[PDB]
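Coming up is one lone chain in structure tokens, specifically the form solved without this ligand.
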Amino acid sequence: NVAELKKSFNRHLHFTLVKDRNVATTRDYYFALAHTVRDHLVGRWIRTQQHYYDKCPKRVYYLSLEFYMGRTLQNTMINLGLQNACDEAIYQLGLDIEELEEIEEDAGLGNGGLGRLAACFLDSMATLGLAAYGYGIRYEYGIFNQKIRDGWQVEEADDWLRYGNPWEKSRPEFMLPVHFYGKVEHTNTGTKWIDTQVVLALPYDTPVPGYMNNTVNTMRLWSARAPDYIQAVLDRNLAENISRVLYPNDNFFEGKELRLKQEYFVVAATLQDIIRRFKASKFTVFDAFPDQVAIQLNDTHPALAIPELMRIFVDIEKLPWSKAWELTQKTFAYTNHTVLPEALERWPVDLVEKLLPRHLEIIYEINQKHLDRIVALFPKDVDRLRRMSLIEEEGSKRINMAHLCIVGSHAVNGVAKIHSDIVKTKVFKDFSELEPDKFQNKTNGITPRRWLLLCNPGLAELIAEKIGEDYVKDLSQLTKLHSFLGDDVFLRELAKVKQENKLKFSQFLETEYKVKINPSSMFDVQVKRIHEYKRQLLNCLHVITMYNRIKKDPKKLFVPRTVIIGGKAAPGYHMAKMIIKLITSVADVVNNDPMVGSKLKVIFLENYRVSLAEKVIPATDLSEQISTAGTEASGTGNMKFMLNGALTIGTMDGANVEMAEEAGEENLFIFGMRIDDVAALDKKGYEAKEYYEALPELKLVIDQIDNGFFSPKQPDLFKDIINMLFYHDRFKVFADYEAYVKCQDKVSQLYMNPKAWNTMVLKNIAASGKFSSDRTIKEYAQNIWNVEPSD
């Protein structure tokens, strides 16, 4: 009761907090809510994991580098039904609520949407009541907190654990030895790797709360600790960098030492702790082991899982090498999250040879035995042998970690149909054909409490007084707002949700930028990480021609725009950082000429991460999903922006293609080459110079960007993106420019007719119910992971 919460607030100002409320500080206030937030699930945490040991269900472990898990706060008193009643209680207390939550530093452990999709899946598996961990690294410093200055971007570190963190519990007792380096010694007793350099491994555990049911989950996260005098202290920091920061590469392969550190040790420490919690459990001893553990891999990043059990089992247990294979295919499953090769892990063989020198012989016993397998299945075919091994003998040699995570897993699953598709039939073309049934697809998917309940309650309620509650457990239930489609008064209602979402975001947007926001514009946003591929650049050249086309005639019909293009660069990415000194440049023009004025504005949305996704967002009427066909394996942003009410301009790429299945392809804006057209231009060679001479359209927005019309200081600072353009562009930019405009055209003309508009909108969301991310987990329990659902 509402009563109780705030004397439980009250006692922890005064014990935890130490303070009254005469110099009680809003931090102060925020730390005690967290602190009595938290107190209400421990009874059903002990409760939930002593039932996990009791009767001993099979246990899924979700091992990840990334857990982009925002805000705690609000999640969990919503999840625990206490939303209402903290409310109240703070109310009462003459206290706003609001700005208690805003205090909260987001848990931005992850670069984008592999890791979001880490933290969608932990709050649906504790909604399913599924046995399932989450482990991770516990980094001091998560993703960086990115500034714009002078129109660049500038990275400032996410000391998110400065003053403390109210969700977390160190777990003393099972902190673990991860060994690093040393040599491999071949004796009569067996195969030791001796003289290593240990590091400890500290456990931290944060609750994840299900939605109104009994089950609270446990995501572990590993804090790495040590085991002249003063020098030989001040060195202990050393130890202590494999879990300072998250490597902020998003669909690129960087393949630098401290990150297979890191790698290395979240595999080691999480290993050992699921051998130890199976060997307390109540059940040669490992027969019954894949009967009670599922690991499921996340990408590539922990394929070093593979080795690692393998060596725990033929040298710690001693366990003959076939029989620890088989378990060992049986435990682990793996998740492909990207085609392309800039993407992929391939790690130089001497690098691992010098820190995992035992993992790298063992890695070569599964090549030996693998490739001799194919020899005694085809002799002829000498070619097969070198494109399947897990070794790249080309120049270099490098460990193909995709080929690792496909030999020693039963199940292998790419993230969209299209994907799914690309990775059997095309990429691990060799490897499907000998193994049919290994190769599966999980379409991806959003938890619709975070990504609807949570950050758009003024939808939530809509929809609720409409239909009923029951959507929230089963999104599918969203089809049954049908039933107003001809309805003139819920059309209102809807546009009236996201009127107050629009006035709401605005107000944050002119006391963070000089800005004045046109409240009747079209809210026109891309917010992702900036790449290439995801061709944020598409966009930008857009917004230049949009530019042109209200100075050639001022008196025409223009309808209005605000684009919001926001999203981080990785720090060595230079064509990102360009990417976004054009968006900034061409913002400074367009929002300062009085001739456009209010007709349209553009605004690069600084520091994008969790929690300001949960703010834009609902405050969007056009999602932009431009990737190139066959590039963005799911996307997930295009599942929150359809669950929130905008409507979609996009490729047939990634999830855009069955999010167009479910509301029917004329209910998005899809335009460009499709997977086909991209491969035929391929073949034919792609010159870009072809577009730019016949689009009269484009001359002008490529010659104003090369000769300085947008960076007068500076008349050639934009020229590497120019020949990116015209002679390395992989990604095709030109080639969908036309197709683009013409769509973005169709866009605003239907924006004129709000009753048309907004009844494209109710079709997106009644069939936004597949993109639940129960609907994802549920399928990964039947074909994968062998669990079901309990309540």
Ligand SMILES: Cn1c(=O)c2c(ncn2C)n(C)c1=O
Second form
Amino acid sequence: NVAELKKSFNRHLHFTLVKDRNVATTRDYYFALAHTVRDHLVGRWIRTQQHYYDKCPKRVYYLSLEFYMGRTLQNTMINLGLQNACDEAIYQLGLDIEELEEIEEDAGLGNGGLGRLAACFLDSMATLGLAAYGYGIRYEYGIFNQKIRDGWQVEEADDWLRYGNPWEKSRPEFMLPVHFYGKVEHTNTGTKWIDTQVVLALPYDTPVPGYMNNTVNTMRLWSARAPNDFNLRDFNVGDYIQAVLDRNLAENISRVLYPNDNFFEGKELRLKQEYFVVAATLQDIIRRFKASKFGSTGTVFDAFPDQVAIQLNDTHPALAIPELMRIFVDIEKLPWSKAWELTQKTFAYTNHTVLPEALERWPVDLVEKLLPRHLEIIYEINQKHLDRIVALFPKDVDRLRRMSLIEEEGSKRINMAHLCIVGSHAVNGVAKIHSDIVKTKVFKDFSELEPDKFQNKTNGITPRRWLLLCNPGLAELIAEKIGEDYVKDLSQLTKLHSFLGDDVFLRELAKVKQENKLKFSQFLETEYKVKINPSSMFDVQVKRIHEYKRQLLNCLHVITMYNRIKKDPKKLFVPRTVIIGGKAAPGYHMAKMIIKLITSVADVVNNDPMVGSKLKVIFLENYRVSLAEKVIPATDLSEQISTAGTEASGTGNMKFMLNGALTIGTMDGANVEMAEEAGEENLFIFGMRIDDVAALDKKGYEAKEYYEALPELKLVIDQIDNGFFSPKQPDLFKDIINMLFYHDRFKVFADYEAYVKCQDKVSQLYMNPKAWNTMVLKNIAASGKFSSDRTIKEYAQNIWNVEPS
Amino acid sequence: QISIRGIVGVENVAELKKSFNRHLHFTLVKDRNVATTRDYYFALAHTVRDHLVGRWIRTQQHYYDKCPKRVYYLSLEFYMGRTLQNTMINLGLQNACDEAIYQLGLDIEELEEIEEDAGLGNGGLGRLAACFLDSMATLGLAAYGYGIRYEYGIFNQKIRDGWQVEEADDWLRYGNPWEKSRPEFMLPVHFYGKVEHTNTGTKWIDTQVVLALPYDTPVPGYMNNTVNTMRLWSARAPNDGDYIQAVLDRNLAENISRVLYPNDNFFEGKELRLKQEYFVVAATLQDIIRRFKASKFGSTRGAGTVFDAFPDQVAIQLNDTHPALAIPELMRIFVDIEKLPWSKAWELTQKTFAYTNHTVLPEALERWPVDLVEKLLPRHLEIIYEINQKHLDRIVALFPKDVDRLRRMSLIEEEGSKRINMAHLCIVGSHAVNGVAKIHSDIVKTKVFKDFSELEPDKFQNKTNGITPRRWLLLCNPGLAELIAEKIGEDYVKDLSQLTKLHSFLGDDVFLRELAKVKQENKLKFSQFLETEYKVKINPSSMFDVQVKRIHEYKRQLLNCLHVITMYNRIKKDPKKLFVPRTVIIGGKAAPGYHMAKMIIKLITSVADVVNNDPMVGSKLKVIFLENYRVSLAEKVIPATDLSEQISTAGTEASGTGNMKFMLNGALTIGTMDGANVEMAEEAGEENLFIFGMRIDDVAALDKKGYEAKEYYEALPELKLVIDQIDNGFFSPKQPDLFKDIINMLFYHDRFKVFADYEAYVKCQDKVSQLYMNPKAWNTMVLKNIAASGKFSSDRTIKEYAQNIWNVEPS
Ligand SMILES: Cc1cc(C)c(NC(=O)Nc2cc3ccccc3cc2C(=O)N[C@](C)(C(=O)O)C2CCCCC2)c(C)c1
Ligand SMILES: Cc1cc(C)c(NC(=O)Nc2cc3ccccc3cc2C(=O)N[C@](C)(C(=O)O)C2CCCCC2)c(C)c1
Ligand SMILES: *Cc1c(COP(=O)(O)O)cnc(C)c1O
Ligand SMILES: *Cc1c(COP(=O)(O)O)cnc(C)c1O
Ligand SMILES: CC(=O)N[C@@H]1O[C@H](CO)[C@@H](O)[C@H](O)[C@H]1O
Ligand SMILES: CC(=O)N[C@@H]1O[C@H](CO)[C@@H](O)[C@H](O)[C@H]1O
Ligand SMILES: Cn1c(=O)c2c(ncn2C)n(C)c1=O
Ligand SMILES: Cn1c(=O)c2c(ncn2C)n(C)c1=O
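I would like to compare: after the form solved without this ligand, may I see the structure of the form deposited with this ligand bound?
Below: every chain and molecule of the assembly, starting with the one above.
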């Protein structure tokens, strides 16, 4: 088995890379290994498809504009049971497998939580044997690579396909046309959408192997191509060369991921992406349905929602609803009511945020020009929707305004969330607190009519990538005590509760953490030229840079610690390495300022000789999935400090819990449920809760009162305001200060005192290894709920109506 | 050739079947139950490429170990066609692969037709490069081809309402199983910026950078151990307003290798074209220098790398002036980067480069505006000026009284907008300059660059073009290849001169029959193709009269067309008279901006509609415009041909290579004494070709006197009828004035004197008709043509370059 892996490796280096070992590159070796590994799942990949054809299980289609997949090599080795053998084979060839793994580019086709949920789900659905496909866009450039230059974020193109992707297979025989612009004619043979521009969607298939089973599912991502055929409407002259160059304009549709996290930008190219992935995906689903054993019978499509479920990852693919209607009515000649019944039973919608700047509201003018037939269909859905509300509440005219899919205020906009609610048989939030707000407040008018529609499905993370892969030390240690059933049923981690008084096991737990810390410290000293204190608490905040996630609040605490040290250098101080990391959306000015502040603080703290090894600050550059795997297992304190009510769930919070970090955080999103499972006393909960925030909004938030009432806050803010951290540019952080005092929607100062006292309690506990690791163990033992396997089981039972196999 | 019989032969087929099935499973990721013909083609291509990896690696090892002088064919074009069949044959695997595919239940022909042409060329220039690579591989020379990996080759041509329309040749849509990317050899290329003159010397600063990423395609030799390489460069944006627009604008850098400029024998001075030329030249020279430094002949001394041995290790052939920037680029690297003195660097440059001239037509000549070059390549403009100055100084020293000679020999044309004459740059920067046939090389030497060759008589040479007898006989015409093998053995494939041995069968009627049958079999096959693509009933006993080449005023498809109408008019005039029936096929792409060429296509299709549908004509005469003429199609139609039309005006066609393909494939030639036609006449005997019309002195005499087209129109009744028909709307009844531009050119601006050769052409055609009625006499002449075609093997051509230009030896 080791011997055969070596032969296979050498075959690929030879035949696939056309390389003698004498001129072989590190990248060649990565590619030879990658192909060797992929060969081992082809059999099951082809047989998984046969199985789905022969037995016709209901299929699940996860439709997302993002899949934040990270690297595939190590994950595939783990899920196929080949890691130990591949490591040994590569070692025997005089090579280091970790070095080959670092060659691989992240498939960074996502922004943050939403896209990473899609990735974990694919892994969970494959492990649970569901007939599930992921459908998205193969962006030529994913989320940008982040560099820091002079303390500022700078963006470089994520050219991830430069050298090829060995994990994908293009299937141009399954290419599909997508239409744009044109016009509508309502003829006597039906409605015709004509004079359209066509863009081709070419699918690329990546295998999604289950963990130690016979399932290999598919992720199918679409790529834009210009069509080749001459239309008699191209008779119209132009330069030949420019016409060929202008093919770029069609191909631009799948060129780059929009790097906005929780923020809507109403750009036309983005709308095209949304319809692009949706039109190609639905056509492909219909083609597979018709070619299946339920493809003939009276109309073939009566069995459709028994054979197809399509999950909408946020409102980004909301156009799927009117497109399915369009295909049913205009092309398949089904009557409206029938089509509409089938549409609702096919689609479910997942809501990921209640922040108003994230909500998709497309101007009707833009949709009219680009997708005239879909506007007509949307207007019709709304008409029949509003007729019913006038029928049920004749006197309530304002309710019609609130429940319409169209917002009429001057420039008219389509509310895509309302489209997703009326077009779906089920709508879910991603944590209890969030799903509650969704149902009872934000879509109150919709839930009162249809209470059974709105559900909760709390998020989760795959314990393959986020334990087995990223933290083998912990995985091995856990498996040695309670066996390895926990991988496929993470609720088994509760059996670790037995070892709470096992002092030898607590030393061994702490040692695994220590080894993870040593190794990441090396990474940090290689990359940042900063001397790391090995016995310091690794205090880590990693996530996209946002005002609501409040990296800024963390930063105020960093300066507070700094100042305390300067005031009394002889005083006892629990040493920390504070790591803050994450990308700012390029056009997000305040996020970019916060980054600059953090790097400005770090430079002052890291180089102050009075501080030395007590406090080091690192801005972690280019935070992404594969770096997430490095830092999270090395963490002691997980910062999850969003203002109560703002973070729908979080998922990084769960990753840290699973890898032996304690959480400091607000009662927000999934933090509440982490407290529920682990016991509130075993997290470091602080600050305002959702009701306390509501009470401060009512009363009116005055930031100045806290700055005057809290001496340590004043010195921190003054240092920032008067140039202590930017001596050559004293006024550099003016935009931040202004925001804090006059426009802070997230109430940083209001939680500052509570946050700082909480941080003191964390330091106390860190001085007591037995107490700390006793608490860590209760966290790990209670983390089973947050496996995405549990999540998918609930989606399967209560929404998709499908069964693990 | 590898065996399919025995214990070992059975195991060869078995192994090919297993490999086929491995690739369909592991590479294509397809069960047989959902596999398509395209999947089967790829599975086979992968299998076939696998079989040359061993030799490809060993060839590179041998070149590293024995360190011979390396040859670098540098071209903007490689018109390669399809690779699958050509590789199987050259590897000796066709019989075995055929057998494997057959046993798997598949149609080998159907799999072969799936393959896209690598149509990265316009015509003869691109195709000569292609033939040359095959020959250099077969002769065992350490040669690389260097080009651009165009995302789109020459456009696919379709005909709509009688006009050419262009569609993008999206040849990489389904991938390319032959190439291998080599990311580690990615190189930077610089553009724009400016020149700084400082204490440390000249710096080229503020440049925008474009990345060149090479892709390698194997070039297998015929039945030897050599697999050489074609390295083609692809343009990429470097990883270093609106973020999204910044990402989208990476397209601008990648546009450098997006599309092939579809001009044949015509200079279009576009900035994107200039970029392409510098791109391929900069990437290539860097990569060549890198290979030189890393080899056993790469030594070190006080300054740095000794490039003393560079010209004994490196020969670079410039295929036309397109990569002329190679000369100042090498000088830039030598002087600006490697710090060699100008004198030494200039001497090494001359010893390294050789230049091949392919056309004397003024409109084809590359003359780049100094303003464009200054903006794009400012340091290269300085180097060109410096080269020119030192070049003029020597001429002033030698000929002090001749003020005009300086003007004529300058690399700069100074009137109006100043332009860089790239041919002059190539002559002074190279130690050898060659034309592509005797007639043409003589014009290059004694007339066009008379001042240059007088100063350096040993510089100018001839190297008459050739074609590879692999693709253009063994591959395209297995029937004829087989027949020749039966009669004289298989040694002709490696020594084409052995075709003269076929003279033993001169009076042998059995063999003359056998030769006719092969031609008939090729005609029957090609007739099928024709009848499924065009609404025509092909007469199978008709003479196949073919003119396939790019549409040009100088190649005179129009003349062919005038003769077609003449024939039509003769049938109408005397319906019951004896007519030797013909299928007249004319095919070729027009450059998209070539107005007159497009009009000529419209004329031909318009004429075809009349002739094909006139019931009085019937099966006597059919006209086909063959759509989308390209290499793989040339391989179908050439073997099916009886008469080859090579009717360019005397002195315009530098060589021609189609002429050679037709000769080798059993067709007789009607043509002028132009290009290699002269040498075809020399080899076969002039009486065995149908030579007609003005020769080069006759065209000179007519130019001096002045050409009055109307004198021929008035003097020749039959021409009058033809021209009046076209002018008055006989062929465009719904648009009577449609061909007004053609008439206007023919009468007042015809640089190629169509009417001047009409009389001699039509009379010559009558003689061809007469001979075709006598099978015994017709095929006797065919035999003397095939038997005399050995000279035109590209092997012969390459040995001559090697011995006289590159100073390397066949192995
Ligand atoms: C164009 C090309 C073709 C092939 C087939 C390869 N891959 C190889 O494996 N090439 C080589 C294999 C060797 C095996 C033994 C000894 C020497 C070998 C050299 C090569 C090779 O390609 N040579 C280089 C890369 C070359 O450029 O020819 C070499 C020149 C001498 C200095 C070291 C680099 C490759 C890579 C390319
Ligand atoms: C996404 C994907 C994955 C794979 C692994 C393949 N390649 C296959 O070989 N797929 C199939 C193998 C089968 C083997 C036996 C019986 C049925 C099989 C079906 C497939 C298959 O994937 N079928 C298609 C392509 C499917 O996508 O379900 C189906 C689509 C509708 C038209 C008829 C073909 C492929 C091709 C894709
Ligand atoms: C887990 C993950 C996220 C989500 O992080 P949150 O703290 O829940 O917002 C974002 N980016 C990457 C790379 C991740 O792995
Ligand atoms: C050989 C060839 C040519 C060159 O033909 P000429 O008659 O010499 O101009 C042009 N196009 C193709 C496809 C060829 O194979
Ligand atoms: C728009 C968006 O990405 N929302 C995010 O979705 C993920 C996955 O549900 C949540 O963990 C997170 O709280 C939420 O902010
Ligand atoms: C610029 C160009 O493509 N010239 C062409 O070159 C080929 C190959 O040398 C000749 O056969 C042909 O006569 C000539 O027109
Ligand atoms: C104001 N603003 C932005 O401008 C922005 C953003 N995310 C991306 N962008 C551009 N967020 C979250 C934001 O609040
Ligand atoms: C005038 N003209 C052109 O304009 C042209 C051309 N080949 C391409 N083009 C555009 N030729 C040969 C030509 O004579």
